[PDB]
Structure formats: C-alpha cells, structure tokens
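Enquirer: Each chain is listed here by its residues.
4 protein chains.
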Amino acid sequence: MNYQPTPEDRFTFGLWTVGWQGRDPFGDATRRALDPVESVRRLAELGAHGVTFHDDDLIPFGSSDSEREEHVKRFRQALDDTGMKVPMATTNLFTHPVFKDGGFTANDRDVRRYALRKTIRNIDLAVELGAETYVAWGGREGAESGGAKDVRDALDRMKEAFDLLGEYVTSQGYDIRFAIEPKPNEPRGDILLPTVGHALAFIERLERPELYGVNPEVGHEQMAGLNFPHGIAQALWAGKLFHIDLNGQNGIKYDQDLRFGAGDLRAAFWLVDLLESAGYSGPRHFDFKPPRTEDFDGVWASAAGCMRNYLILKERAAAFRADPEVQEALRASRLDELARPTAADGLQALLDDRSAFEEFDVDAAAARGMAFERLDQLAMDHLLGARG
Amino acid sequence: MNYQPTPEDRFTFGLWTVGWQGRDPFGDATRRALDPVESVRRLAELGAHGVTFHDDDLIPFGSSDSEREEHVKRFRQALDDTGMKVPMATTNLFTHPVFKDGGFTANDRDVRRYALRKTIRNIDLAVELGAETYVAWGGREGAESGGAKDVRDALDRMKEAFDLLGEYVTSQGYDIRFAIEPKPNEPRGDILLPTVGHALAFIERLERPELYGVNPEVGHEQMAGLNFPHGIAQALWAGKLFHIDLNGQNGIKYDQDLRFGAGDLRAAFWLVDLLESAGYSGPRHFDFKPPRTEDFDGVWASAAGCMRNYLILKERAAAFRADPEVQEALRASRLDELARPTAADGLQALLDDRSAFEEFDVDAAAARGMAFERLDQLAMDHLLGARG
Amino acid sequence: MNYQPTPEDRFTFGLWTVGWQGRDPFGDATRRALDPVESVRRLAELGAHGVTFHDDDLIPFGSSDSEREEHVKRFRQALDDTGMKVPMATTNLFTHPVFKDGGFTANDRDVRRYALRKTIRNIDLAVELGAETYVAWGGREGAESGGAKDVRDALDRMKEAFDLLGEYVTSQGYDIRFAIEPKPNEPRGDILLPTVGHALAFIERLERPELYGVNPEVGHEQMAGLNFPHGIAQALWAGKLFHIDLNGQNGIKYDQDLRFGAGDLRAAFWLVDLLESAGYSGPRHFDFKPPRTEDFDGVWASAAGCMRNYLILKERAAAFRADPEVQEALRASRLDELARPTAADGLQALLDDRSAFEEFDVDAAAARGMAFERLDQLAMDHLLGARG
Amino acid sequence: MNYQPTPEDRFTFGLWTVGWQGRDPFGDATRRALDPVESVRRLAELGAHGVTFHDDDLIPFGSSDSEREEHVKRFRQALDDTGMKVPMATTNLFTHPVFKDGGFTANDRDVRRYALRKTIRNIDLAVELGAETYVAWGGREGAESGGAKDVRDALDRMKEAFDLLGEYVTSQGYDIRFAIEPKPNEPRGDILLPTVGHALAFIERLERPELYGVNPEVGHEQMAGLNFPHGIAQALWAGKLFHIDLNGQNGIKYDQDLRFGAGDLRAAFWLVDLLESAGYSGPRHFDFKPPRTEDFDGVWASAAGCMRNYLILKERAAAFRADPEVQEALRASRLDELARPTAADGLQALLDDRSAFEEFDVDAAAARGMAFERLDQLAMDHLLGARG
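Protein chains in written order, with the deposited numbering: chain A, 1 to 388; chain B, 1 to 388; chain C, 1 to 388; chain D, 1 to 388.
No lab work stands behind these hints, which were simulated from the structure alone. Note that the Cβ used here is the ideal one computed from N, Cα and C, for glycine as well. Please note: incorrect hints may appear among the correct ones.
Unchecked claim - Mimicking DMTMM-like on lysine to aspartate or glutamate, the simulated pairs with C-alpha atoms at most 25 Å apart in a straight line are: (1) B:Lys159 to A:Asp352; (2) A:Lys159 to B:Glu204; (3) D:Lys73 to D:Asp110.
As the list claims (entries may be wrong) - Computed spacing ranges between beta-carbons, pair by pair: (4) D:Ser63 to A:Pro209: 56 to 66 Å; (5) B:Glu69 to A:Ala364: 21 to 31 Å; (6) C:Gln77 to D:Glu359: 29 to 39 Å; (7) D:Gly62 to B:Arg331: 23 to 33 Å; (8) C:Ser64 to B:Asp297: 48 to 58 Å; (9) D:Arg23 to A:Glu38: 50 to 60 Å; (10) B:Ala33 to D:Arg23: 35 to 45 Å.
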C-alpha cells in the first residue's frame, strides 16, 4: 500500500522552497545555493509535475538583458529535458530594500510605478513559459504603526494596480489569470488583505472581477487561528479558488513553512477531503521550507514528504466518504437536510406555514441529538487507519 | 477639561450588556435581573442616545401575544419618558437549545424555517420601534468537527435565508437595512463568516447586495489577531459600515467584552481617529459586559467608562490631526503621495515612461527613510497628552 | 486490531465531564442532569477505572450533614457495585458567586478563610473515599484589570493557603498529595500560575515542596500556544507529574474541552509516546465536555472515543519506538549523543581540551545534517499506519 | 512637563538593537552596518547609561587574538570617552550555522563543548568590562519536530552547562550572576524554557541556584499571550529578577521588537508601576529593533522614544499611586485586605472558627461588589492624563 506520486498528481514546488538556504532572522544560511536547473531535475525525479518562480529566483536582480536571456534558455532546456511544466509565476516585490514600504501600496509614487513595471515584465515571461496563473503576494503592503498608512488610500492604490494589470493582460490578449495571496502579518506588523475573506471582498471591487481569484496558503490562515478548510470552501463557493499553497503550521506564531502534513494534521485531512470532493483541478503547490537543520538529503526527503502525506490523506478521505457506515452517519447527522433548500416553497408559503412557527414543537426539535461525535470518531478511525 | 456625553454623541447600549447577570461557563449569576425599563432610565441619565435589543431580551421566550403586547407597551413608555431611541435590533438565534446547531444553517430544515419566522416577527417589531438597522450574528452557525457541516451547503443556506429576509423587507416596503456581525469562534469551535472580510465577500453574492452591510466588533476581530482599524477601513472603503460594536479585548482568547478603551488602547485610538476622520454617522454602540466582580454601582460606572474613553480618544485624535507638526510629519512620510494616483497617465504612458523602470534609481529610492517612528512617537505623545 | 479499554488502563473521568448539561456563555442547557450513580455505572460499562469529583458535583451546595451523608452512601454503593475507584478529588472554588474574586486569593479575607474550610472538609471526604491525589485549580485566582490584584500579595496568600493545607494533611497523618492545575485564562482575564512552569516554580517556595506536584491539562497549555509534550517532560524531569488531564483543543481560543485525540492530533501522539516511555503510572484522566449538540448517546460515544484514541496512539507510539529503521534514524540524528554528558571529564579538562575550541572545525560540524525530516516522516508514517 | 533621560535613569541598549541592519526573513538589509564606537557615542548623547553586547557584535566571529584585542581597545576608549557602562553581556549561540540545532542542547556533543568554551571566553571579557549580569538566551535550544529532541535529556544537558558555568565563575572568584532569558518560539518551532515560569522552575534544580535569575522580555511573554506584569511579579516574588528587556509587541505573532511603549500600552503602564513600586534597581534595558523602513535618523528617534515612553509612564504611575482618590478606591476594592494574612492565628484556630464556615454568611459576602471597574477607570484617566 505505497504512495508514489506521478506528474498526473499535479504536485508543484516553488524554486524558492527547496532552494531556501536557511537564513532566518537570527541566523546565517546553512546550505549553499541551488542552481534552478538542478532543482528542476531533482524535483522531476521525485515525481513532481512542475515548478513555479518569482522573477528574482530565476533571474538575479539587476541582470542585463543578455544574462537574462541566458538564464531563461538554461531553464527552458531543463524543462524540455524533464517534461516539467510551470503553471504559476509571481513577482518578488518584497526582498529588495526599495520595497521596504510596499510595492503596489508604497507611500512613494515612483516606487509604485516601478513595482508595476517589474510585474508587467515578468507577466510577459510567465506567458512565454506557459503559466496559467499569476500570483501576487503583497508581503510588504502594510504597516507597523497606525499613522504610516491610510488604509482607504492604500486600497485605492491596490485596486489601481490590479486594474492596470488587468488592462495589460486584456490588451495583450493573454490567457492568464491573477490570484491574490493573503497573509495576516509577517514581514509587516499587519498586512493588507489579511485573509481569504478580505481578498475575496476586494476582488469584487475590481473593474474586471472575473480575472482575479485567490491563492490561499494553509499556514497563512492558521496564523490568524482560522479554519483553513472553511476558508477554502468559501473560496470554492464563490468560484475563486484559482490556486492553492500547501504547507504545515503549528498555531499562531511566525510562518513556519513546515512540510505539508506537519502542523495541524486533522485540518490537512479535511482540506484534502474538500479539494477532492469538490473536484479542484488546479495544481497542488507546496510553498514550504525544509528546516535549516537539514542538509541536501534532508531537503529532498522533506519535499518527498509533502507529496506522500497528501496521497495518504487522499486515500483516507476517499475511504471515509466511501464507507457505508459513514454514509449512514451523515444521514443520522442530517447532512442530507443541510443540502436541501430551506424554503423552495417561497416566502409567502413560509409565512403561512403554521408548522414553521405557531405549531412548531421547539422542545422536540431541541431534544434531537446531532450525533456529531460518533461521526467524528469515524473520521478519526479512518484517518488513523483503525477501522474495524 | 471634562468629557460628558450627550445624546448627540450617539452612544447606544444593548439591553443585554448592562443587563448581564454574570453567568459564565464556570459560574452562576452574581447580579439580579434588570427590568428593561430600569435600564432605559439609568442609561438615559448617563447621557446615552439609545438602546438595542434581541427579541428575547425584551419579550421572554414563549410569551403569549398578550404578554408580548404588555412588554412592548411598558418599553415604549420608557422610551417616550426619556427620549431614548432604538436604532438597531436583532434576533436571539443562539440561546435556546433548539439552535444548538445553528439557526439559518442548522442541519435540520425545520429549525431553519423556525429561525426565519422568529427573525421576521422581530423585524416587524424593530420597524415599529423605529430601528434603522437589523443585525444578524450567527453565533451558532458553525461547527466543532469537520464532517458535521458541509460549508458550501451551509453558505447556500445562509444566502437563502438572507435573500428571503431581503425579499420580505422589500415586499413590506420597510426602510431598514441588515448588518452581518462576524466572529471567528465562540460558542462554536469555528463560526461561518469569521471576519469582516468573509462577511463583505459573502454579501456580494446576495441577490440585493445594497441592503446588507457589516456590524464589526472590536473584540471579535482581535480574537483572530487582526488589526481592527484596518478591517474597519476596508468596510468603509466598500461603503458597508452600517453599524459598529465597541468593546475591549486583551488578545487571542475567549471574548472578554471589556468596556471600550480597555484592552488594546492604541487600537482604540486609531479606531476613533478613523471613524471621526471618515465621517461615520451611525451609532457608537457598546456590546460589552461589566465584569461579574461588580455590583450595580460597578455596572453603571463601567457603562459610563465606555463613553468617557471614546470622548477622551476623540479629543486626542483630533489634536493629533490638527497639529501642524504632525501635518508636516505626514508629508515627510509621504502620506500625501499615497493619496495620489499611481498612474493617472494611463497604462501606455506608464509602459513608455523610462523613469519608471529603465532609468529608475532603485538605490536612491531605497535609501529614503519613511520617518514612520517619529510620526508614531508624535501619535503616542498626543494620546498620552504629553505634547511639549 | 481493536482497542477495548479495561480498568487496568487506568482511564478516569470527572463526574462533571460526562455530566455537563451543555450550558455555555451564550446558551441554556441541552441535556438533563445526570445522577452521579448513573454516571458511575455507565462509565464502568465502558471500561473506565474510576471517577473524580469536585465536592459540589457530589453534594449539592448548601446540603445538610444529613443529606450529605445520604449522597455519599449512595455514591459509595455505586462504587462497591462496580469496582470503580476514586483516585482524585478536588474542590469547587469557582462556581458560587462568593468566589467571584477568587478563593485562596480573594481580596476579602473572610472569603479566603471560607475557601480553606471548604477545601479541608472535602480533603477528609477524599481520603475516606481512597483518593491519592487532591487537585487544586484556581480558576478564579486572577484578574481582568491591573490594579485589582497585587500579584506579590496574592502569591503570598496562595503560599499561605497551600502551606496550611500541607500542615493539615501532615497533622492528620493522611497519605494524600496535592497537584496544582495551571491555566492561563478563562474565566478570569489572566489567571495566577498560568502554565506548568509557573506552577513548578511556585511549588519550590512552599514549606514542604515534596507534598505538591502539578496536574497539567492538554488544552490549558495549548491556550498559551505552548508545546504540551515539552511541558510534561519538564514536569517529569522535576519529578512533579502527579496527575494529568487529557482533552483536545484547537489552538488559542476559549477552552474547548474536546475529547482526547481531537484538536492537535500529532501533539497527542507525542504526549502518549512520552507518558508510556517515561513509565507514568498515574491515572489517565479525561477532563472534557461532550459538545452540547449531543444527546446522551453522543455523550457516551464521546467518552468512549477518549479512551479509544489513547489506545490507538499508544499502539502507534510503541511501534514507532520498536521499529529498527526508526532506531537507526534516531542514531543518525544523534539522539544517542544528546543523552551523553557534555563534559563528564570536568571543567578543567574541558578548558584544556583544544578539540573543543582552538582546533574545533566549526565548518565541518555546521555542514552535518540533523536528518530530522526523515525521522519525522517515519513518525508520521507510523501515526497514520502507512509503514511499508 | 518634559521627559529627558539622564544616565541616572539606567537606560541601556544592546549594540545589536540600534545596530540592526534591517535584514528579515523576507528581505535584505536596508541600513549599513554601524561601528560599535559610533553607537556608544550616539547613545551617550541621547542620555543612555550603558550598552550591552553579544561577543559576536563586538568581535567579528573568527577574529585572531590580535584583531580581538584591537576591537576591545577601541570599544574601551569609547566607553572611557563617554562615561558609558556595560552592565550586561551575553553570548551569540544562535547565528552561526554550527548552532543550527542549539548550543548547550545540540544533539552533537562536540558542538555542546564548543558552546561552553565560546561562552566562558566571553564571560572573562564581560568581567573585564565590568558587567554584573551575564545573560543566556537559548534561541536555538528546541525543535520543529517531536522526535528530534528528547526534552528530558536536553534539560539534563542544559543543567550540566549552567552548572559548569557556575563552577567556573566560583573558581575564578568572579562577581557576576547569570540570567536566563526565556522565549516560547522563534527561531525554533518551540524553544526550551518557554516562559518566565519554566525558567524559574529550572533554576531551582541547578547546583547553586543563588547564582541564577531571569531576564524576561516584554515581547517574549506576550508571544504566549501571557500577562507580562504578572510574570514579572512572580519573578520579583521569588527574588529572581536580575535584569529585564523592554520592547513592544502586538499580540501573538513573530517577535516584532517594537520600541518600548508601542504594542500593549496598558501593559507597559502596569509594568512600570510594578518596577518602580517594587524598587527594582537593575538596568532598564531595551532589546528592540528600529523598523527597517527607517534611515539612521529614524533609528535614533526610535531609541529616544523608548526612554521617553518609560519616563512618561513612570510619571503617570506615580501620580496614580499618589492620588488620594485612588488610595481610597484601593481600600474600597480591599487591596489592603489582600496584603493581610489569611490565618496568622494558625490552623487550629481556623478550624475552630465558626465565622469561617458554619456561621459564615456566604450570600452577604457574595453580594459585595469589588468596585474594580471604577478603580480601573481611575487608572485609565491617569494614564491618559485626563484627571479632573
């Protein structure tokens, strides 16, 4: 009963994950830099489907158009030699000191304009490489103090930036969509569009809402103590789940970027159950960092672990849903009634329905148990492979 | 330099705040019940503008149409004798055991129908009493376990419920709007529409979005570690801040419901600054609980404290914004540039602008300090009244 | 491969767990009261070893010495008829309004004296029933505001109370030990002795430290975002783990009291691994609350779930430790070197050892991978029963 | 009414605070390195009393004994030219890749030995420079996964390390004490001795407990959602507050290191009140980082802000305690009774005292209000300078 991934599983990794050198706020790098070409080859051997990148991961910042073309060619050759795809790309608008107060929402106008040009340049490259989704993580859009940022003006600037990107994409006739990646904090004290909900609401104010979706990350929502599977269901409900970032996080603290499966294991189970049940067909992207305690063999073991854990959880969720005893427990808990309209009969009928109020036996209804604990223990038994 | 409130300040209190008996999950009541009429009179003496209520605060659950009319008449007389208004009303869809799995999203269909009828009945009463806003806090809409609730179906049921309420209001020609009150958790393990952002996004999927807004609470957003003033700015930006609940909370833990001003004091300062700067003209409603350590004299002192703290903060925020030294610091930090469009010149102009990329001096821009610390210390000095 | 508990497993339950009526801060009870005798019989059928109680769970507050003797006799008969033991007892110094500001640390002296007499009376009863451990949870010792409690004076009062209890126990020649149960908050804004560490440190200042230990609870430490297994290891290291409370908690929020196994599943695995490896022989006590969504059948299913989950985890931890591949991975990660003294050779030898500094190759040491990710994936595979 | 600091105020700064270049996990440095000599001179001009250092801040890692003597001489001359003192020093056992799994608790024995030699070398230097306290922050002592560290063995290694350091200090006849600095997490997933309480408890197991105390940091305890003033009171109660680190933190998230006064303002007020009331005479040390948005002028403004905020709070706390109306409110809330022994009359007298149980009127006692809200509003008015 093994769990070997194949490119058909659509597992992708960012170059910066497996390529993280181990530098954290309190320590120096513990691993040497990885050549993107090497990463592509190693990931392909592990069974990955593709890779993603920030412009600066692929092309060192400040590169000449000559070196730039050279880095792209090398990368292209690696993709051709392995069959790896690049379904998503993004811009690095957070590392360089110039973005210390943000990219799209920097107080300095000239920085905002530079941010847009840097993004547009990489959008062209993304399309050339076949990316279908372009992610935007405003890691520097935010503040550490209240008067440093008028949030209403910042949201005006954020909308202006995304509206312009939408105009560019449309004018070039590109077949690419945007996904906003929310995060509540870190590296800024508080970051704008802190959760999936804030990002969804913001999108509805853009000129062309259909071009934008969300790219939620497990750890990000968990940094706000939120239920990740619940947030993903809302994004799916709105038809906005364009991409997803998978990793592990142990509660409310710094962003750990643990391999997927680590952190909140039951939440990972419920997330996989939802993604598979809902038919999500986008990439299963891992944005994680192999701990700095590891050498390169630990890096690859960590990456393989991500995929393995997703596949084990997929098997367990499928068995849970396919179990007749579980199907009967779902009915006992009335999940079937939850899916039925409350009043398909209409408003007037509801108002005239005496069984809905005047003659409703509130005490009999209140005495009915939901049987949620037995259902949950069945879910637990399935997760642990203890069904008998 | 005192701070006496007057009804013109629009401070309102829920009957259940000052009327909280002190029963918590680990202890019995420490105070006797308050007659709503008494609360109305005491609050009027303190300078309040009005009160709010859940149907069950005013009319004991299970009351006959006869007793019901009697309770309303008494309340009306109290309002007439004091000049107090009732700008907001809401339904109690959380106390009675029948709502143990929710009201609008209960798995049991018959409960959902009952929830709608109970709400509609109180909407009629709210209009009669002159309420302009009707709040909905789905405290029981949620779960403690993953399989107990299919969130996509629950959101379908939530939309159905709000859509029906919107149809009812329109058909009756009522001049009343709805405000959804989000909360991340408690009493449920996780509650649906957990933050202001989730509520805003949800509203955009309703049939008549213009009839719905949000009713955010200080403590609620802080339970998710979020920046309350930031969330309020987004709601204002979207034009959805129909009402607001003020209180105090010390971090991520159970909902404390401390008096306004307590908890995160600087966040309270920044919230007041924003509300006043943006011209919010709705009620300043306090949803708090005087601690159970207090007797009735402590209850009124706690209520008076809420208003006093808001007025002190209002004075300090106004002085901060009116201070020429602060106005110069805002310019030094480029808040003025944040308010200017990034590219009013248009996309094509931006693409052709060499100063935006090809000739942009990234190192000179990066070296500019934001001067945010001096600005923040000026804000601190103003808050503490230490300006000299 | 089933998991049936037997009294030999030492699983115990508090009368108040399975007996919780479902009253929370926002709702009324959803279940009728359970007769303690009924609980004893039902728990015995499920395979429990014993029960625990607060004085007020067994004897209604304010009972006459006559009724008191009657309640005890009935309970005794239930214990005799089932073979159930009562290894731990505690006092309720939190429900009654008189303890609104605490028991042992109430500002009112007369309340503190009453608290001690109420405790002493139940200590006598506990010994009579054969309890070996007496737990103290100061749920009301704390504050919501800074000036309400001088913490240094409160700690003086806390020590005075425990010192007197120690004097009483010694003078009566009782064979019973005390266990302090820490909690960071709820129902008070902040509670004194908030974590296992604070409780351990406090104990070292008591007159007879050997009579006191800690009674940590999974959910409590997790409310402060702490690693429960780590805290338990420190308590074991100090030889102070006299008792332990098991349950489930999903992060930093109100105390959920979910059944054991729910909440942080991996932390539960690591806790069981530690308890079994260290040879903890005290009771495996469950302090949890079956959710108020449940009827009585759900209550018993929830209680059975606690025991089942502990037994599944025990099996998985044992297999993990017994796996030769894991034993080799532990060596690869140098857990064996962690157990060896750093300098059994002594200070002077260390100072004279050139290989420890002057000739130590810091770069070669730094390049060694810890191989922690492979080890953790082996732990994950074992937990999920995916070893192959 | 200004607030100018003077060296008599005992404000100290770590070289690494004002010297932080701005490199965070997601970005490069935004400021050039500061020469320690320059920092000493700038801080002296601002009114600081002294500075502190990690060995590696003063002497670049890997320096020859020649360069080492050169760096120390330059530093000494700066101290002599300014009158600045160096009351505390510490070791950097976290930056270099060799400490990726810890220093004192690394699984590799050779690393642990190296850690001790590096520490001992800097202890000699600290004494030479006149430091009275030697701090130890085990930032790398911990783990990201459960099987990576046996906590009981790690605590054995931790005790061994501190015991050896204590033996060294005693054998050299040095007049210096150690202070353990706890932190719950970051950079490790979970760090050993996570809070003040854990550190206090650990100290009681050392061979010479009198040589060790704690060095708590505002932000650290707040990362676990704990009440900092409460933790400081316990450390004072135990006589273990040897040093203290001041800064600002906004809730549970990454360690922000905001200037003191920022973050939780009311907690800062209560901390200052306690330190001054208790007569703490050690340094008021600031371990903070001026945000990376700032240039050098912002760095000095941020440092000056720390001192200014402490002095404003000191003034407000003193006025609060000196206010007769507050003194009467303290009596109304019975803070005076909290300071009186519960039973100086002894155990037997308490048992025979019928007014303590048999004849105690529990209902009359329960009805007494604590008057805590009025007291807290008086504290608020004083903090805000709104007393009239």
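Enquirer: State for each hint whether it applies.
Expert: Hints, one by one, checked against the model:
1. B:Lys159 to A:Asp352: Satisfied, since the Cα-Cα distance of roughly 21 Å is no more than 25 Å.
2. A:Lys159 to B:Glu204: Holds, because 17 Å separates the two Cα atoms, which is no more than 25 Å.
3. D:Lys73 to D:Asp110: violated, 32 Å
4. D:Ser63 to A:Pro209: 56 to 66 Å: holds, 59 Å
5. B:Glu69 to A:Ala364: 21 to 31 Å: holds, 28 Å
6. C:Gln77 to D:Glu359: 29 to 39 Å: Given range 29 to 39 Å: holds, Cβ gap about 33 Å.
7. D:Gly62 to B:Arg331: 23 to 33 Å: violated, 46 Å
8. C:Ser64 to B:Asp297: 48 to 58 Å: With a Cβ separation near 35 Å, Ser64 (chain C) and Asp297 (chain B) fall outside 48 to 58 Å, so the hint is violated.
9. D:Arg23 to A:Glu38: 50 to 60 Å: The hint (50 to 60 Å, Cβ to Cβ) is violated, given that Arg23 (chain D) and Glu38 (chain A) are roughly 26 Å apart.
10. B:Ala33 to D:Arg23: 35 to 45 Å: Because 60 Å falls outside the window, the suggested range is violated.
The structure does not agree with the numbered hints 3, 7, 8, 9, 10 stated previously, though it agrees with the rest.
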